[PDB]
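As structure tokens, one chain now follows by itself in the form deposited in one PDB entry.
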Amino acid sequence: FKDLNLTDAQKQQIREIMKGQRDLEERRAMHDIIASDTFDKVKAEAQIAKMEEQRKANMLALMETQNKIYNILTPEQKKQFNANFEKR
């Protein structure tokens, strides 16, 4: 989703980008927490803390990728990127 009228050079600069940072026993542990007879808060706090590490890595990847995408855009395309960002 990118209604920015992007140039051929741009699309392929973008592929280059979504390849460095285009580069699950988590959901198993949460499954075990939900499906247990009893709710173990301390065990759930530790799962949340471990999820924080992957969220960190994922958010850093997303944001770095998006920052590089932004900084190949024209002033006009940047304004449009920013407006689009306010709505999704």
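Each form is matched to the other, and the largest set of C-alpha atoms that superpose within 1.5 Å is called the rigid core. Positions refer to the first chain, counted from 1. First, how it differs from the form deposited in another entry.
Annotation for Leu62: C-alpha shift under 2 angstroms between these two forms, rigid core superposed.
Core-superposed comparison between these two forms: the C-alpha position of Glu53 differs by less than 2 Å.
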The other form holds:
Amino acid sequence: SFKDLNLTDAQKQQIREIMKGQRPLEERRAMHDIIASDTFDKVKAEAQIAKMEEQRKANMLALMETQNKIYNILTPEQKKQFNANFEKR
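Show the form deposited in another entry, please, because up to now only the form deposited in one PDB entry has appeared in this conversation.
One chain, no partners, no other molecules: that is all that follows.
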């Protein structure tokens, strides 16, 4: 139901406004090099984990802004279903 909230036509348009507002392979190659090795190089692993911190930040920002904007187009009835869904995931 994470998307089943009885959206009105206006809300469906609004979500599309919104996602126009907010619209990892070299990384997995680097994880592979750390996994496929006869030892575990913790220092190298930490540097790999960190390397795309900024792209991850911008990505999570966009998604949280998106979800907050969608939340705010919802009626009270719909907000409670969204929140109850949030609690169970």
